[PDB]
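Enquirer: Letter by letter, the chains look like this.
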Amino acid sequence: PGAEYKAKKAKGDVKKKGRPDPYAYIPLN
Amino acid sequence: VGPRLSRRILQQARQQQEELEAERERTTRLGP
Amino acid sequence: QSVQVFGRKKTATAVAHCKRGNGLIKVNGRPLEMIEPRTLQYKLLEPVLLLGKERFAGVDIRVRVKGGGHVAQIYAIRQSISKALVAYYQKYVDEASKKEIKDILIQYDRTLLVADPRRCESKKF
Amino acid sequence: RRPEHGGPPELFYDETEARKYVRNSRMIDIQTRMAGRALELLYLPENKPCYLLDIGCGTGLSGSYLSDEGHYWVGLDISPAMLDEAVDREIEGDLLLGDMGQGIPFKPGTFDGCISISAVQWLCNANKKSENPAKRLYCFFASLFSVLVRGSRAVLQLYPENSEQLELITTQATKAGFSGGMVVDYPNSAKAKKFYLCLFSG
Amino acid sequence: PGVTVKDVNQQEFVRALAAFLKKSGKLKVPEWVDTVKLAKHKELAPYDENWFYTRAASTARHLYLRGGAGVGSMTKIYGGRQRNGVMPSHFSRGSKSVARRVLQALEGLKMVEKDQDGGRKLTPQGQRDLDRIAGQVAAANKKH
Amino acid sequence: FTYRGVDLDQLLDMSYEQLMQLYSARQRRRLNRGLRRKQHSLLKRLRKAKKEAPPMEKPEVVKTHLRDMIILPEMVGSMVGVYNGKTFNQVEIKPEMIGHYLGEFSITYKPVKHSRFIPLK
Amino acid sequence: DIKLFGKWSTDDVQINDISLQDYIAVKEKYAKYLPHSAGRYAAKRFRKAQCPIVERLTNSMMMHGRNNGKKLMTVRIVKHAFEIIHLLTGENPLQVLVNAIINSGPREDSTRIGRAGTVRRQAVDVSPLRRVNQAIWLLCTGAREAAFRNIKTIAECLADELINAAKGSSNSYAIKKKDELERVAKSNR
Amino acid sequence: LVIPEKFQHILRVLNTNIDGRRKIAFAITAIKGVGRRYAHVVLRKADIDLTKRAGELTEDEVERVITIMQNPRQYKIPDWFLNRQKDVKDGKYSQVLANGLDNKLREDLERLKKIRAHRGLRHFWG
Amino acid sequence: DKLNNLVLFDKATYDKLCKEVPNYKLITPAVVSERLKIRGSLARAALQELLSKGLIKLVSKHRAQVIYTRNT
RNA sequence: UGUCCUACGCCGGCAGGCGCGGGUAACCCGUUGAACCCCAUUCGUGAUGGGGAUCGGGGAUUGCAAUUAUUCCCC
Ligand SMILES: Nc1ncnc2c1ncn2[C@@H]1O[C@H](CSCC[C@H](N)C(=O)O)[C@@H](O)[C@H]1O
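Protein chains in written order, with the UniProt record's numbering: chain L, 1229 to 1257; chain F, 50 to 72, 83 to 91; chain P, 8 to 132; chain C, 6 to 207; chain A, 2 to 145; chain Z, 15 to 128, 139 to 145; chain D, 16 to 204; chain R, 3 to 128; chain U, 42 to 113.
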């Protein structure tokens, strides 16, 4: 759930260059 | 009452007494 | 002959001196009706109005206040004026008059004779 | 605290709340900011005017963003005070008064998409004994799935108060035949954490 | 039996004392009286054009109460709150030259002299003047 | 050209002590506080470079680190190489830079110069 | 006679509601000169029931941050409010005030409960003390949000709030907020 | 009182509109270069009653306000009280109001750009 | 909408004040300006005129609130 | 609170200068004349005499040195 966008040294959200601006997609059932 | 309040009360109560009792050049020569 | 009492609030301390006279009340050399917050004028005049102008006619009170604030001094002034009279009517008037003064003066408001034990709380590490 | 604690939507959004909603600088900013993300989130083709549903339109801020982008829409809302403010702003689309818990009164297969900006979570609480959250959510999504054309998308922005409301909305959503997911923008932030139900029919 | 300064309203007393000083015409009013703020923490100039007399009157009344006050003591009396922009406010003194030029002006009225143990006090003729004006204050207010 | 209503030619005739009032408050304080040996030696080097230079082109460049030395009116026309920490900036002293320092014509920093998910299934 | 502000008498104030006799405290023992007393009316449960009703009014107008602390200003306002209420209506401003507390009290309220998602409401009854705690709050927020941005002084917004509530009019903020609390509670038996 | 027969709703001063409803001590502040502080001493030197609105001032006293605030130094307005002190080009003391304020400000910008100072470059880039 | 309250009395409303305002049962600077649509600076300046002419009784004078009343 | 706190006199409109004293301190600052608060005046729902950012020009002080504004004051 958006763990790859999590900043280790600070609480918040850090962008990445390969992937788009931070998000999280979880599918339904 | 306590130490801080009573110190101010006693000092103030003394000074009111003195202004009830209240209502020259010093003697440079000693032999008249 | 005279009586020397005190009344207090948070830090506003008063001392009152009452003796034989014609009924003048002075605070810091000023009359009771010239004390600066005129909104709380009735708090200064409560022990005079509760008891009557005739009951204060045999005594002259001079009050000195130092410390506190504008309304903390009014609460100390009205305490020491009433407390000066109940001490004067005890020592030089019969106790029947002192009991009936202390009666009607407590049922109105208990802070005219017994002080408020509320002071600022300190902070610790 | 939260506006849903106040009561029913028809009484909370009264005449005096409608005025200070219009002249609310934060509201004018973020309601159109989310409608930009929500219109972009349904992947509708460019250079093609579509017919959209503005469920819970309110003042018509999200309604005006569609019209400025060349679309047409109709709005459905429950309180007359927010609808009166929409008329005074000289909006373009049509306005409808009704409760989305009782059904969307259109023929099947009408709209190319449905847009929702902060209206959904008003169904997770029932302030009448006649009302039930489970049936009002199901009567919404079942009627939505009928009215939306096949292959279209419905994007829903909502403000859940705990994890249970996200669950209780989702199971009612997936029981009416919708498929999709939850889009969370900035999933671990605080001010920018927005929830988006993207729902589409096959 | 005579009334004193402390027995009347201090607001009414300054209005009576400044009206007395203006009618005398012997106060020395400086030239920059119409172009100065009398504190560094003010946004504007005084609203009253004759602000020098009420400042002069309030100087004499304050010297009657607690004597031995200098220029530095009277800037501390007339100080107020300085709103430092977006920063928190602080207490700032008044302007020293306005306080000084008043004390020079009262000295020319033969109302104030220096004190051997400090700043300034009131003349024996000065206290005769203020206590007389308190007579007209109480007569027109407490007797009406 | 005029500077504070004073032309260039008698400003060059003008000595230091009556240059006090033509400058601003900052430069007036600095001139009272004196000039150290570092800037006396530099002023001689600009004076020497202007001396031996051909009288129909600009003089040779003088490289210095003195970013805190105000521009006296006799410095006009000089070639000063002023250092920002990385390189030497060659500045030609026009007569409009009199009250200013030397450090603000060699900037020590560079300007700063500062795609959304759509689900498919 | 001990009179409020020197000119308002507490003798003639008649409380029509049986439920609120113990809690609207303005009668011969609670008659004070001024609504300032600095009394410890919140050191014990139901102590504030014995506080005079006008002092509770002034303590509730010391609200929204910038006015927190300033009580000499709020007793100034209630002094001017009573002198306007006597002017518009012509009877005791204390009589207008105790009619306002009675008419602005919600007699039935609703509570919010929810186990998982389903947040529903149940209608409960209102204690006689909270009928006064809600009534003073609604009149004070009624007058505060009445002006706040127009030329009307708060002394005459508070008078126009207490007069309307005593009449039972729907022009009151308090009556309009009370009725919607009653309307939700009726729907949620 | 009542509106005078010659009351002005809008006054044309220094090619800007001065509102006649506002009081004379603060209606003058609509022109640039004067503020709440400069316009108070200007009306004091002109000996004009400050209780008057800006609308019922006649043509006599409105023209001596202008010749005071354009030319302050001969009416004992002190040298420290003016906004335009010693100029760079012609060092003299003045008070620029309507377009002189914008022209002097523009001139102070392009002077710092032509010499390429740090302050002038950061004005250009920003 | 926006208020365009008059800053000086015109002829119509000046008469309206001198035959109606001294019969309201309450006269205040703030209640005059809501109905006569005038600024509050003149709304209090008109009342000291009426007080000096003896058409109104004064009830309270304060820097925050001024309260006036009919004669009879 | 302190040997750096300041009193007082003179000058300037203000920041600020010159002189002369008290206090190693329940002894001087300091009856610590604090701010909200209180009483009068102007303003009158107007992005307004609310709000003060960002700027232009000048002056003063500490520093070897104030440029990328040390700090303070005026318009
Ligand atoms: N059960 C319901 N059915 C339909 N609309 C509802 C509803 N519950 C709440 N609403 C509407 O949801 C709206 C939320 S206000 C938000 C509307 C829009 N985002 C805007 O700002 O313009 C309110 O107008 C309310 O009327």
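The set of hints was computed from the structure by calculation and includes no laboratory data. Please note: incorrect hints may appear among the correct ones.
[To be verified] Calculated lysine to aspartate or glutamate pairs in the EDC-like style (CA-CA distance at most 20 Å, straight line): (1) Z:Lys108 to R:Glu109; (2) P:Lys33 to F:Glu84; (3) C:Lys196 to L:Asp1249.
Enquirer: Work down the list of hints and note, for each, if the structure agrees.
Expert: So, going through the hints one by one against the coordinates:
{"no.": "1", "hint": "Z:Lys108 to R:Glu109", "in the structure": "17 Å, holds"}
{"no.": "2", "hint": "P:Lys33 to F:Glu84", "in the structure": "35 Å, violated"}
{"no.": "3", "hint": "C:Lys196 to L:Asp1249", "in the structure": "16 Å, holds"}
Hint check: a violation occurs at hint 2 only; the rest are consistent with the structure.
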